[PDB]
Every structure is written in C-alpha cells, then in structure tokens.
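So this first bit is one chain, no partners, the form deposited in one PDB entry, shown in structure tokens.
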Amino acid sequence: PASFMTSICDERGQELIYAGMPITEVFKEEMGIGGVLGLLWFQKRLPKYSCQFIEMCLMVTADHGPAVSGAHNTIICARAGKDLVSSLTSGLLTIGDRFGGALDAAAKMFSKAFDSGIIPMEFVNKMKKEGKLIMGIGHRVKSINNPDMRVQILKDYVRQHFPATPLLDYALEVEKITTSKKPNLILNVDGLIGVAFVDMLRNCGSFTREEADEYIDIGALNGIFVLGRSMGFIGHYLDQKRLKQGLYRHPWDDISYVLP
C-alpha cells in the first residue's frame, strides 16, 4: 500500500496534469493563475469570474509597505546578507494571527453570525456587550464617505459578476450600523476579501456547502494572503539587495531593558 496520497498534480505522464486538466488545456482554456489555483487548491474548473476574482485578491494583497511585521522581518533578513528563500520565509513566518490572519477570521466570524440567523443590528449589539471586536471592520483613517479603494474595486467586481453575494450583503448591513456611530468602522479589505471569498465558494456552483465550509476551515484564506503577500516580500528582498543596504541592529534607545 502507498504511504502517500495526492489529488492535485500528476507529472508521470506524457504531459503535466493539474487536477485532471493537461497543461496544454489549461492554456487553451485561458484559465490563468486564478484557474491554476482553482485546480491545484480546490480541484475545480472555476468559472472565469471566480478565477479573475482570485487574481484580484492576490493583486490587492501583494504588498502593504515595509513597516508591517513580515515585510520588516524579510528586509532585516536581506540586510543580514541572506538568500531570497530564507529572507522571504523569515517574513512569511510572521503570518497567521495578528498579522495576515484577519481575512480568515472575518470569513469565519461573519459566516457564523449569518448562519446563526442573528440580524446585523443584534450581531453588533452582542459584540459590543461581549467587548469583542468585529473582525474585518475598522480602519485607522478611512471612513464610510472616504472609502478604501481596494475594498471598492473588489466590491464592484464581486457584486457585478457573482450569482449572489449574501454574506457580503450581510457584512455591508453591519458596516451601515457600525459607520453610523463611528465613521472609521468600515468594512476593511480583510473583511471584504473574507466575506466575498465565502460568497464565491458557496455560490459559484463548483462546491457543495460542505466543501465550501471545509476549505474555509482548513485555511484557504490564509493561503490567499500568504501567496499574495509573497509577491511583496520577494519585492522587498530584491529592493534591499539593489539598495545595498547593510546589516541592521535595532537602537538601544527604543528598547526598555527590565532585567531582574
């Protein structure tokens, strides 16, 4: 009996196969990166609007500057003279909880609230009573009538092309309530990608509800952020090498030493 099982790619034949589709057919059908992701991650031939949406998610998450945890760690690692893979990985390892984990957390929280049948106002008043933050809501500067253009771009695409967007509709009702009190409590990019990704899996027609719930549960949205942000982290590595930036050492004046 075989010790390994695999479902995504077969390289043994005359031609490379991605989830049952020969590579020449992947190109003939113009599936793109989005469609290759649909085959390798989900073993589905996704509709073209789903492929393009996935590509849009990767584009909007590609980078968010050098100050965030992962980009900062990659930069330090490049400045210490390390190779591309080590530097990228040093940054990627910061991802999953407080940094880059909100896509997954927003998808789960909004799905749970929606599936439980609680209306948006009561979801908001419950989270306010329990003292818990709504994942995927809030921005430091952007506000209801000063939108995050990444959210706008995704939202226009999703609402036009998806057969339905019930979770996004629910999240937007939450946003109307939260922004009535504090204008900066908008549906942020992590919240938008999270809910729209659930809407894609649940309504594109390629998944049963059980499969959609499983892919969220095992971390498909963490995968999206990781693959997307890897573009920016490789870019930071290349940039630090070209800028001939030397070894970094954090300044002592920014560290409080509280030893016994």
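What we label the rigid core is the largest C-alpha set whose atoms superpose within 1.5 Å from one form to the other. Residue numbers count along the first chain shown, from 1. What changes on going to the form deposited in another entry:
Among the listed residues (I218, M149, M121, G101), the one located at the hinge where rigid parts rotate relative to each other between these two forms is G101. A rotation of 13 degrees carries the smaller rigid part relative to the larger between these two forms, according to C-alpha superpositions.
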Contents of the next structure:
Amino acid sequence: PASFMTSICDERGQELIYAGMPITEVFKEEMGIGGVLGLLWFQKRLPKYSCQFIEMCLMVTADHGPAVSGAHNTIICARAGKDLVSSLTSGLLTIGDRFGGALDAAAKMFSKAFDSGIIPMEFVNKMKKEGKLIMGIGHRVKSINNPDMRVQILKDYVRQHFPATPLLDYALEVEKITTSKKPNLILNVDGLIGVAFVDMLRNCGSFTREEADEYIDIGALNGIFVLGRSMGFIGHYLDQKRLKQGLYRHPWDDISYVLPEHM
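The form deposited in another entry, contrasted with the form deposited in one PDB entry above:
We keep it simple here and write out only the one chain, dropping partners and molecules.
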C-alpha cells in the first residue's frame, strides 16, 4: 500500500499535469503564474480577476528594501560568501508573526470579528482589553503621514474587480479607528492581502465556505508573501554578489553587553 498521497501535480505521464490541467492546456488557456498558483495551491481554475490579483500581490510584496529582517539576513549570508539558496533561506526564516507572516492571522482575526457581528469599534476595544495585537495593523515606518502605496494599489484593484469586499470594508473601518489612536496603526500589506483573500475566496464562486475556511486555517495566505518576497531576497543576494561586499560583523558600539556578575 502506498505510504504517500498527492493531489496537485502528476509528472509521470506523456505530459506534465497541474491539478488535472495538462501543461499544454495551461498555456493554451493563458493562465499565467496566477492561474498556475490557483491550480497548484487551490486545485481550481480561478477567475481571471483572481489570477491577476494573485499576480499583483506577488508584485507588490516582491521587495521592501534591505533594512527589513529577512532582507538584512539574506544580505549577511551573501556577504558571508554563501550560496543563493542558503542566503535566501536565512532571510525567509525571519518571516512570521512580526514580519511578513501576519496574513493568516489577520484573515482569521478580522473574519472572526466580522462574522461574529461585532462592530469595528467593539473589535478594537476588545483586542485592547485582552492585550492582543491586531494582526495586519501596524508598521515600523509607514503611517498615515507616509502611506503605503502597495496598499493603495491593491485597494484600487479590489474595488474595480471584486464582486464583494465586505471584509476589506470592515478592516478599513477598523483602520480609521486605530490610526486615530496612533499614526503607525495602518492597515499594513499583510492585513490588506489577508482580508482581500478572504473576500476573494468566499465570493469568487470556486469555493464553498468550508473550503475557504480550510485554506485560511492550513496557511495558504502567508504563502503569498513568502513567494512574493523571495523575488526581492534573491535580488538582494545577487546585488550583494555584484557589489563584492565582504564579511559583515556588527559593530560593538551598537551592542549593550550586560553579563552576570559574581560568578
């Protein structure tokens, strides 16, 4: 009896198959990278606007400079003379709850609040009372004084193409409240993509409510940022190889050593 099960790709036959679509049909149907992601991650032929939204998400998350945790770590590996994969992975491993990997939790938290019937102000006050950070809100450098154009682009697309945007609308109401409290509490790219994907999955017509919930629960949304930002991290690796930057060592003047005494 077979010990493994697989559903997404069959490479055994005359032609490669992605989720029951032979590769020739993938190209004949002009499915693009977004359509291939729809097949491999969601086992569906998603609508064109959904495929294009996926591609837009990969484009807008591609890079955000060398200062962020993962790009900084990739740059260090590259400067340590490591190979592409080691350097990329060293940076990818920083993606999580604080940096880049709040899409899953933003989708879950905003969907829960919305579906439960609580209004935006009740959601904000409940999270504050419980000491819970709102996932998908907040940014170290972008703010109401320095808005995030990636969020604007995504919003504009969703409004032009999506048949329904109730969760995005709810999250934008939350953002009006949080930014009035502190200017950095914007709806960040993780929050935008997360809530937009809930609206997309629930209303595109390719999924049942249970199927959409399963995709959010198993972590598909965070994958969008991982795949998108991998392009920028590889770009930083290549750039540092071209720049011929030597081994980095962090300066002692930026480190406070406070070791135990009387040992």
